[PDB]
Structure formats: structure tokens, C-alpha cells
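Given next, in C-alpha cells, is a single chain: the form deposited in one PDB entry.
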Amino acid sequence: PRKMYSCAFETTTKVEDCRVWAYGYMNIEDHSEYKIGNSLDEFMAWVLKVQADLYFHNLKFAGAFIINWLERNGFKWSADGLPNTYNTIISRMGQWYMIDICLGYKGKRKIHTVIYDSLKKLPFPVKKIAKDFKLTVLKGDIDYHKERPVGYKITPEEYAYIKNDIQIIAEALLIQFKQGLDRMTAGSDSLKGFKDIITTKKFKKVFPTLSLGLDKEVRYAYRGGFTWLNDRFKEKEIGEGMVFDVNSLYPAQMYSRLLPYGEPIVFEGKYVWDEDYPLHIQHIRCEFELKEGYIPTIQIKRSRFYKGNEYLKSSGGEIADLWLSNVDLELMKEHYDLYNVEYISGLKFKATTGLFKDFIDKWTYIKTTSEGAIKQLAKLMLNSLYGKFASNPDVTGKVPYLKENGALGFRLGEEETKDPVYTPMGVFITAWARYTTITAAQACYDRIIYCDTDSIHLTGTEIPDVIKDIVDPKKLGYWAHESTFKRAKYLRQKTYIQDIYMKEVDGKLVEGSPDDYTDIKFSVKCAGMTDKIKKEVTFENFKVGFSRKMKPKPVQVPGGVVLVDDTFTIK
């Protein structure tokens, strides 16, 4: 039997002086078995003997400290699992999944302690896990800036906070492991849950392995959310308005859209219609013009002519090279005039609906019928599945080492390649989401202000008639009226403020309407702006210019990581 522990560090804040001042571990399966202490050597002496699986929330962070120690106490990075070495899975993007510390072997069997990221299983802050999973959480936090020299003694209150953090996550992990969700990541749990229901044998045949060449081509057609500000509202304080968003955008598409499967057939030129293979990805080159009355939908990245975040009113005298799904292209043909179109090549796929039916209604049932923890875990299964079909088969890692200056650096290791899952499915799921949002926006063209992925922001407070049929606050894939606002200011993409109408229901501040409301609530959405800076935003100062030197930046230094204060400015 292999033991699991929930762990945490607290650490100092000086660049010149970065160390652990307290540590905690708790047996996930026996919360009475735990220890708080003030020494890394002591923690790490234990790490090297428990021969168990450890979890930290945000392994990226405690990890820098762990590897700084390992490197100064006789360990080296090795992918081959030798004695006195450590292996890691750290992605190209600097996301941390594992630290495997090998001590040796008894017979064939490895003797080691593996450290994981509980954030990868439970992707929220600890405070929120507590609230949502109905677990005990203390209000407030440890005083972060506070002088703590070597041999600082942990106070009773800090012991309290440290014990509570590790317990919140112990209790949560355990509920998850008990539910069957034992894999490394929330995403791995979903996909395994989905494979379980359709069976591995069928999965392999319905979702075959494409070559790296084809996968890369399918991937040129893989895009995310539609994020668009109607430019007539740009940097202009408006009055009343309202926000609708879809109920579970992605699962909604998975439940009922025509989605691709099986071994694709490659074609040259322009796709020719085929009932048996009715979905396709088409490579074209063309010019185009937005028609009057229509929202733009063509966004061109990775070219020296745009400006990859703009949705374009026109191709501006240049030939646009793009790989598109048939959903993209059908929308695009209806919003634009496309001309001088060169149809190069493409793949076509067979298709069906309800490949995800059994999965989705299983966990939706579990969601509708359960409270707190299990309810959350059921949301987690539903929402973590689709992202995972389009997994990049390039798993080239990052390898840690100590730079000559005592701090932790990173080099890219060898090219590694895993088998492609089923990237076309990812292409179409997100294609359908976009179509859903854009056609709703366009139906409300005379009122639209903004969209971001699953949201449409409209002027005025009455529900528009074209939308009235597909609006319901609960039904999957329908639009829910989630808020109404008194006034708003949209600066650019992912950058807006709203004064939301709220009201008191059971003494709680919950969204209301303009013939209801008891109160207003200021709300700041602004990518890259950390919550402390948001408090400084007001309606008057929220504009290109706004700048505050209050932004934490984590920097590598000898010993570990330290948050340093940086500036955030709207440019």
C-alpha cells in the first residue's frame, strides 16, 4: 500500500534570503498523522524515507524549493531513475506535474517519493475548494510580509493556518480518490471516465491515431474562443445593458453537435460533398470583404500582414492563408464576401452525434442530484473532457539545473513525441462553440457590445425577441440571463467594467434587475490585472494610462522562488 500526503510550505520574501520558515504534511487517509515544522532539512529528511506520493497545491512554487535542496544534497536530474537522482515532468510552458525522487532499488522494485501538483487535480485556490466542497476553512491568512529570521518560531495562529490548508486539500483529494478519480489530473480523470464508458477497444477504433504530419495539419484549424468588442463602443462609457451566457458551452456542443470520428480521408483541391464523410477541414488561400450588417469572424495569426488579435473588416489587399473546419467556413461564407478563393487541400471525416451522450448525462445526473463536493467533482468531470482530445503530441519537457548563480534554471530536453489523441474532435467542438456565440451575437447585431467565448453583452435591459426562444437559466446549451448593468465601459478585448444591478435574497447580494435592485456592485474584468490592483480601478481612471506598481512577479533566486513587486499598465 502506497501512502498519500497533503503538503505545504510557507517561505520568506527577501531576494537575498529565500528559505522555508514552516512546512506541513498530513496523511490524506489519516488526518491525525501530520506534522508542522520549521526546517526544510527536516522536511526533506522525511521526504527521503516516507517512500510515498506527496501533493502540494501549486507544485511550480514549493517545487523550486525542493529542487534547490536536492541539488545541494547529492541529487541530480535523471530521466533514467538511477539512485540519488530525481526525474521531473515539467512542460514547455513551465507547468509542473511531478518530481520523482529515487533513492535506490530493493530487487526490481523502486524506492522513491513522488511529488505531484494537487492544483492539477483541483484547479482552484484552496480557499474556494473549502467553500465549494463544504470543508472547514479559516478566514484571513498568514501575515506574508513580516520579519522572520532563521529559527523564527511558528506561532499558534500560523500553525492553525498551515494545518488548515493541508487538511482542506487532504479532505478534498480523499473525496476525489474515493469517487474513483485517482489519476494525476482532472483532465486525465475525464478522458479515462469517457474511455471507460465507450470502452478502450472502441475508443481506439473510433478515435484512431493520426500521424504527426496529419495531426499538425488538423491543428492549423484548431482555435479557441471568440473574443470581440464592437468598436463603436470602444473606450466609451455606456448606460444600461445585459449579459447572457451559454449553459456549459462545450459540453453542450458535445451533447448534440455533428462531431467527427474515424480514419480521415485526405483530398486535394476543394472538398466534394459526401454523406458518409460530411465534416471536413479545408486549406484555402483567399481575399475577402465583410458584408454590411455583419460581425467579423476571420482572425489571422502567424502572418506578417496582421495583427493576430483583430477580427478583420477586410483582407486589405493581401492573400489570406487559412485552415478551416466546415463550420468555420460556412459561417465565414455567410458573414463575408470571399473571393479569388484557392482551394488547396483538406481532410474529410465521418461524423455522428451523441458520442458523448452517456458520459454527459451520467455526470449531469450526478451534478443535479448531489450537493457540495461531489457536485463540484461532477462539474470537474464534465468541463475537463474536451480539452484533451486535441492534446499536443509534442511533449518536449523542461529539465531543471542550478545556474552558476545559485538559482534554478531550465533547459529544453530532447524532442519527445506522444501519440495524438484525436485533434479533429477538438477542432470541431470549439468551432461549434464559436458558431453558437457568433450567430447569437449576429441575431442581436443592432444591440451587441461584446463577446468572450460563451458570452454576449447587449445594450438595453429587455430580452431580445430573436433570442427569447433559446433563453433559459438552466437547460444545457441555452442562454442564461446572468446579469444586467446600470453602466459599463469596454476598453478593448478582455478589458471592461460593469456596475451590476444586485439585490438581497436571504440577506445575500445576488444579481437582480432594474425594477428590483437594492444595491450596485462594481466589477472589473481585465486580463493581466491581479485582484489587488482591481480595487484601485474606478470608473473615472479605467483607461489607457492606468498604472499601479502592485503586481507580484515570481522570480527564481538561490534557494527558491520569491514574489517581487512589479507594475501593471494599460497600454
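Numbering follows the first chain given and starts at 1. Rigid core (definition): largest C-alpha set, two forms, superposition within 1.5 Å. What changes on going to the form deposited in another entry:
Put simply, after the core is superposed between these two forms, 413 is the one residue in 123, 225, 193, 413 with a Cα shift of at least 2 angstroms.
Once both forms are fitted on their core, a CA shift of 2 Å or more is seen for residue 310 between these two forms. After superposition on the rigid core, displacement of the C-alpha of residue 211 between these two forms stays below 2 Å.
Comparing the forms between these two forms, the C-alpha position of residue 519 differs by less than 2 angstroms, with the core used for superposition.
Moving on from the form deposited in one PDB entry, please list the structure of the form deposited in another entry.
Here you get just the chain by itself.
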């Protein structure tokens, strides 16, 4: 029986003197078992003996100090097994999921200790988790920048903050495990709950594993959320607008849209209506010109290093090569002018509208009938399922090693690939999601300012007539009027500012209307802008070029990781 602990470290902030000055572990199941010390050597000695599963919140940080220690004490990275070595799962983008430490076997059973990231099961900060789950949290925090030399004695106050931090996580994981959510990720917890509802027998039949090439072709037709800013209102500031958000976007498409399942049938040329294979992805070749008065639809995203959804308005001379779901293709034909269209071939799929209703009915009920902890978990169950279908291909990741200067280094690991769940599903759930947002914005073309996956920003404060019949404060899939603003400024995608009418507070602040309001709250939304930097944004300050050296960023140094301030700039 594998024990489970909730751990944490407290470290120094000096680049030249980076080290762990306090640690702590608590038994997720028995919160009476726990220890707080000031020696990493002492913690690691325990780690090697415990033969259990440990969780750190945001392993990307703690894991650096851990690997640093292992590498200095006879441990080397090893792709799989081999006594006195450790394996890892760090993604190409630097996301840490696991540190497996092996010490050999004994009587044909291996002796080890695996470390995981609790941030993958509960994707929020500790404080937030404390508030939302109704967990006792100590007011304030350690003086993160107080001198702590070798030999430092943890004071009784600091001692309670460490115990509290690890206890908050310990209570959350426990509640989560007592609810049957016993996975490494929240995403996998959803898939388990889903598979538990339709059987691993029906699952396997409904979501077969496609060939490597067949999966790659499907992936060609996958896109993310629709995030677009009207060039017209670009950078210039405006006044008086409204914002509409879809009530649970993804669970809504999954609830009643025609979704794919089963083995695809390959066809040549243009798709012909097939009652049994209602859905399809078509490989087409053409040239196009966005029509006058229509929003761009054909996108290109996630490029080489940095993204920022780019929407083409024309092929401009060159014949384009595209793979589109029938949902995306239908929108393309309306918004653009297509030239010399050549249908090459595609994929047909069986489809149904009832694969997710039971799973969604079950957890939406629990969500509506619960509070705090159980309620946040219900939301996680409902929100993390979509992600499992629109998952990635190769598991190629970063492999650590210790450099001569004492700090960690990383190199690309050998190629490595896993198995898709069912790519066709992720393609169509996002397509319908985009179709929902796009058609609504296009219907309000005259007043449209901005779009971001599940929301639309319009000028004016009056609900458009064409949207009236699909607006609702709580109904699944309906557009909920989320706020009205007196003025705003949009610099770029996901980069805007608004003055929101905030209804008088009868004890607590809410969104108000231009008639019934009390406060005018200023809110900022920006790419990598911290709450510290946001508290310096002003309407004539907010513009491309804005910068400030207050954005902390991790840096591998001997010892482990340290946070340094790096210039954040709105470009």
C-alpha cells in the first residue's frame, strides 16, 4: 500500500546562495503524521527510504532542488528503471509531471519513491484552493526576504505557515481521493469518471485507436478557440460596450452537438451525404478572399516559438492546402470567396448526440447541489474532459543533467510517442465551439469589437435583437450578459482594459448596468502581466511599448531555482 504525502520547500532568494532552508511533509491520509525540518539532506534521506508517492505544489520549482541533490549523490537520469537512477516527465515546454526515483528491487519488487505535481490535480494557487474549498488558512505569510544563513532556525511562526501550506494541499487531495478522483491529473480524473459511466467496453468501441498517419491527418483539422480583435477598434479607445459569455462552452457542445465516434472511412474527392457517416473532415485545395463585411475564419496558430492567432483574409496568389471539419468548411464558404476549389479526399465518421449527457447530467447536478470542495471538484470534472480528446501526439520532453557550475541543464530527449485518445472528438468539439462564437459575432457584425473563445465584446449597451432569443444568465450553452463597460481599450488579442459598472454592494460587489450601479471598476487583461504590474496600468499608460521590471522569472542556478525580475513589455 503506497503512502501519499503533501510536501513543500522554503528556499533562499540569492542567485549565489540558493538553497532549501525549510521543508515539510504530511500524510495526506493521516494529517497527524508530518515533519518540518531545515535540512534538505535530511528530507532527501527520508525520500529515499519512504517508498511512497509525494506531491509538491508546482513541482517545476521544488523538483529543481530535488534533481540537483540526486545528481550530486550518485543518481543519474535513466529513461526506465536501473537501480540508483531516476526517470522524469518534463514536457518540451517545461511542464513537470513526475520524478521517479529507483533504488533497485528486493525479491522481484522494485524499491522506489515517485514525486508528482499537485498543481496538476488542483490547478490553482494554494490560497485560492483554501478559499474555494473552505479550508482554514493562516493570515499572512513568511517574510520571503529575510536573511537566512546556514544554521538558520525556523521560528515557531514560520513553522506554522509551512504546516498550514502543506495541510491545505493535504486536505484537498484527500477530499479529492475520497471522491474516487485518484489520478495523476485532473484531466485523467475526468476521463476515468467518464469511462466509469459508459464502461471500458463501450469506451474502447466508441473511441478506437487510429493509425499514426490517420491521426496526423485528423490533427491537421484541429484548431483552438477563436480569439479575434476587430482591426477597426484596434488600439483606439472607445466607450460603452457589453460582454457576453457562453454558459459552459465546451460542456455545452459535448451535451448536444453531433459528435464523432468509431473508425473513420476514407473517401476520395468531395464528400457525399452519408446518413450513417454524417460528419467529415475534408482535404481541400483552393484560393480565397475574405468577403466584405465578414469576420476572418481561416486561422493559423501556435507557430514555431510564440503564438497569437493569425487570421488570413486572402491566400494572396498562392493555392492553399487545408483540412477542415464540415463545421469549419461551412463557415469558410460563407465568410470567404473560394477560387478554383479542388476537393482531394477526406474522412467520414459515425456521429451521435448522446455520448456525454449522462456524465454531464451527473456532475452538473452535483455541482448545483454542492458547496465548497465538492462543488469545485464537480466543475473540474466538467471542465477537464474536453482536454483529454484534444491531447497531443509525441511525448518528447526535456531531460535534465547537472552542469559543471552546479546548476541544472536540459536537453531534448529521444523521440517518444504515446497514444491519442480520439482526436476526431477534439477537432469537432472545438469546431462547434468556434462555430457558436463566430456565428454570434458575425450576427452582431455592426457592433462587434472582440472575441475570445467563449465571449463576445460589443459596442453599445443594448442586447442586440438578433441575440435576444439566445441570451440567458444560467442556461447551458446560452449567452449570458456578463457586464457592461463605460469605456475600454483593446491593444491586441487578450490585451485590453475596461471600466466596469459595478452594482452598489448590499454587502458584496457585482456587475451593474449603466442605470443601476455604484462603482466603476477598472480591470486589466494582459498576456503575462502580474497583479503587481496591473496596479500601474492607466488609460493613457496602457499602450504597446508599456514595460516594467517587476515580472519575476525562474532561473536555474547552482542549488536550484531562484526568481529574478525580468522586464515585461506590451508588444
